[PDB]
Amino acid sequence: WXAXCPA
Amino acid sequence: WXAXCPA
Amino acid sequence: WXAXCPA
Amino acid sequence: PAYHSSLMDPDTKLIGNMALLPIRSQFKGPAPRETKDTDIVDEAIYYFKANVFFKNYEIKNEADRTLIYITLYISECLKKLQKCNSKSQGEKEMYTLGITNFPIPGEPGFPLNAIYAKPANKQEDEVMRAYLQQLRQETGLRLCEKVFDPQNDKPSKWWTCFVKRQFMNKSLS
Amino acid sequence: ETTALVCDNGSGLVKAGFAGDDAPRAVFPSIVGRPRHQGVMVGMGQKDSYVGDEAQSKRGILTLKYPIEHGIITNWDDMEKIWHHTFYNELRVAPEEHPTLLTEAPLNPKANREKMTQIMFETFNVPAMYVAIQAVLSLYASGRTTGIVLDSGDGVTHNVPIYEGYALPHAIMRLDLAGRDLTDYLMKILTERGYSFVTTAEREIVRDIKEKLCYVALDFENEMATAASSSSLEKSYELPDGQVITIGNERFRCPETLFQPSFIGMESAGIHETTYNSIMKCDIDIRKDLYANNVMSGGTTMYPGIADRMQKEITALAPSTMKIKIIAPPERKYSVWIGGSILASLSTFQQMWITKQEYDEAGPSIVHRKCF
Amino acid sequence: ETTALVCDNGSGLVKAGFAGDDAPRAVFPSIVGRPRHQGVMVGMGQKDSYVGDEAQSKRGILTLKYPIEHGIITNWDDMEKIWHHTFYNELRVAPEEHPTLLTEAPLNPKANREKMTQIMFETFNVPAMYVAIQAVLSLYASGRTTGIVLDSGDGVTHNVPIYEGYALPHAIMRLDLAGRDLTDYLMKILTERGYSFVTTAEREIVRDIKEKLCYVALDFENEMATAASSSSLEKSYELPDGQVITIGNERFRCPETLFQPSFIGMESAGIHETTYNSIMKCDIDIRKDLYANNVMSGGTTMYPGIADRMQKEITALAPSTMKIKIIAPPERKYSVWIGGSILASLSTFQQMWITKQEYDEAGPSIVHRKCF
Ligand SMILES: Nc1ncnc2c1ncn2[C@@H]1O[C@H](COP(=O)(O)OP(=O)(O)O)[C@@H](O)[C@H]1O
Ligand SMILES: Nc1ncnc2c1ncn2[C@@H]1O[C@H](COP(=O)(O)OP(=O)(O)O)[C@@H](O)[C@H]1O
Ligand SMILES: [Mg+2]
Ligand SMILES: [Mg+2]
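Listed in order, the protein sequences are those of chains h, j, i, E, P and N.
One point on numbering: in the authors' numbering, the residue at position 7 of the first sequence is 7, and numbering is uninterrupted.
One point on numbering: in the authors' numbering, the residue at position 4 of the second sequence is 4, and numbering is uninterrupted.
One point on numbering: in the authors' numbering, the residue at position 7 of the third sequence is 7, and numbering is uninterrupted.
In the authors' numbering, each residue's number is its place in the fourth sequence (first place is 1) plus 1.
In the authors' numbering, each residue's number is its place in the fifth sequence (first place is 1) plus 3.
In the authors' numbering, each residue's number is its place in the sixth sequence (first place is 1) plus 3.
Simulated from the structure, these hints should not be mistaken for laboratory data.
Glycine is no exception: its CB is placed at the ideal position from the N, C-alpha and C atoms.
Be a bit skeptical, because a hint or two may be false.
Chain P is nowhere near these chain N residues, computed Cβ spacing over 12 Å in every case [claimed, not checked]:
1) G15
2) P38
3) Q49
4) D184
5) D211
From the structure, some residues in chain N lie toward chain P, with a derived Cβ separation under 8 Å [said to hold, decoys possible]:
6) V96
7) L110
8) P112
9) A114
10) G168
11) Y169
12) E207
13) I208
14) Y279
15) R290
16) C374
Pulled out of the complex, with its shape left as it was, chain h reads as follows:
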């Protein structure tokens, strides 16, 4: 992901 978690 972009915010929260990686991906």
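Dock chains j, i, E, P and N with the ligands against chain h, hints included.
Coordinates of chains j, i, E, P and N with the ligands only, in the frame set by chain h:
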């Protein structure tokens, strides 16, 4: 109904 | 709640 | 009755009882292509505006069964298409109606099943299945091009008024 | 053309059957449900609209709506859909083959009657039909000619005093209170206990609960005091999910709303008071006969002990010098349908029908003039 | 144009094959490796990039990186490379000849879907394609219309309650915990035992070890106590170099992380708790049906005894008045692919595809409205 009560 | 919804 | 079938030469083959009269269609099925625009579906659409009024039909030739079946399916097509909104939506509805499982002749759920024959061998079963599917698809493609009009993009009242005038008083349903 | 069909468009249920049979052949609630979610699976293009026991079975994903509200139709499309379903899927009888009989509550708007007659004559092209009153059919079913009717249905409660061979149209009282208001009050109180129910599925659940575990109380204060000693009155019910709900005072609280409309906030009187007023408005001589005969019908009057409470209240209000008798047949649920069937079977009624030549001629203003 | 190809971009593995076959024709892991050393020999200028079983074979001199992380793509070049490899080298079928079917986890960003659709329509110019959900295909493979899906894949675990002919998009829960976190925890504990594994090659080795010598424990405390008497539970595994590793409590410790996410430090709940919450959020009536049918799929749910533990936990949490049944087909690994193939074979689905003409005229946003 139209006036008084719904129906 | 107890029945319906959580609380 | 008076306005019975036409365009049936003796050379035409058959499937148990029905006449495998060629129908011109861009789709695929166990039928050939006829260059002339005339075919079973064209005559059925041409005469449907009057066949409903009459209350009798003598099957002079085997093509009468094809005419009866096509008109009977057209009744349901008109009933389902009355609530149409867009030409694309009407085509979608007609397509999903064509790819269905309706009562095949010789099996329960089929009106006037006495007149029609009961297939016995296996191969003729799917032959008739494919033939009827092709006929339904062609009928759907043929109705969508005249039922709608360039203006108001809605089913014309003139073409859906016959919704309640079920042929022989009953429909497939 | 050998028999006729009698259909009772009950405010909460539909009864239909052939003329001559002693029991209805079709008993399903008036539900017209539609899907509430989007739908993802592709192998289903099924029935955008749902009606009947099917709607009851899959009520968990549908927005159930009652087409008829307090005796007056609100959505005509739903009523036509239910009529088509009952005629074709259940009865499997064409409208042309036999005529149809319809019933409606008293003091209803003429617009509803005209629209119903027009739709019946135009859409289904029925050969003939008629419009009647549930109370008179209740009298016919009971095999009596004099009395007072307590037709407390799911949507409307009304009374119509009658005498030998004639009626009293000027002494008819109609009360909007009915089973639906009782169910709403039951939901409200079940909330005060600790159990919450909002959507229509839980509305049906509470309706079943009331149908199974409700009764009337001879004395309200004594029952409340005994509830203060809550060790022998509480009862348990099993929900579909398996949860158990304990119900105490609510069993005898909601029915008391009939005798105490002030609970819901309605500035009116109870059924006992309304019946007393209706009988008093009648002539003095027929008061004795009306007291001696009190027929009651409807699905809202099956609570055990209701007859005893009504008798006690009427005797207390009425002078204590004569005898008051309450008659409570154990088949009052279908009394209206039985009366309609018997009336249709009558030879003299074979000519009172309204045919299509009639309608071919003028807007259905004809329903009223005649056929009443 | 006789059949279609179904490709499942699994978080850790790729499944592909023809529409109609009962087994996939291509099963290789999603690895895109590149050389890590310099290279000295002159008689090879070979394949700066590596993909597929080739990468697995020569993993000792490559920096393996998974293109997809927890269900969301991170490197588009790697995904395009793997797509090209699968289409050409393995399947040897041109994209134009047949359409392609794609599947993705629920609650994924719209950017991924739009980019995937744009790349598929522009680069390979496929005649048509579609986007679906793994859980619905699992239902199709299982031949059922009602139940709850436990799609615990290598990257994402999610549930989607369903009912006859409709779904419940408001009761979907997605958990990031999946096989990769289990492998990381297994590496961490193997460190506490005395065996160290850091690089990606040993990551694959530990993945195989878990695939071969891991199981769930009905009771955690009892298993720990029996481990205190460690004379019948320890097992040995043979490493490629010949070294032997003895594994004891780690066999039943890592799987317990699914039911106890607190081990990794995640402030969430286990699969049992999430499924219970999802089912509770549904309507009361459909709860019975959901309990009676519980479909599970994915490569993370093959541990023996998992079904029994889930059944015990659900029955303990759920009221002890009904019956809870767990269905564990022995071919859940490829259930998604089988469902996709069956859906493609459906006649009614031949028109739901998305073609180049409508996509170009409308735009990438069309897929968003196509079945959500
Ligand atoms: N077994 C029952 N016990 C108590 N009330 C009932 C029972 N069955 C129905 N009811 C109530 O009576 C109503 C239905 O009775 P009904 O006479 O068919 O209404 P309608 O007069 O509109 O046809 C229901 O709404 C319900 O509240
Ligand atoms: N034999 C096995 N035993 C235990 N786990 C396995 C086994 N085979 C695969 N797995 C696990 O299941 C995962 C792959 O299953 P899969 O369903 O293909 O993931 P995805 O849903 O992204 O396609 C792997 O990460 C692996 O950890
Ligand atoms: Mg009623
Ligand atoms: Mg996968």
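Query raised in the report: Against the structure shown, which of the earlier numbered hints fail to hold, in ascending order?
Result: Violated: hints 6, 7, 8, 9, 12, 13 and 14.
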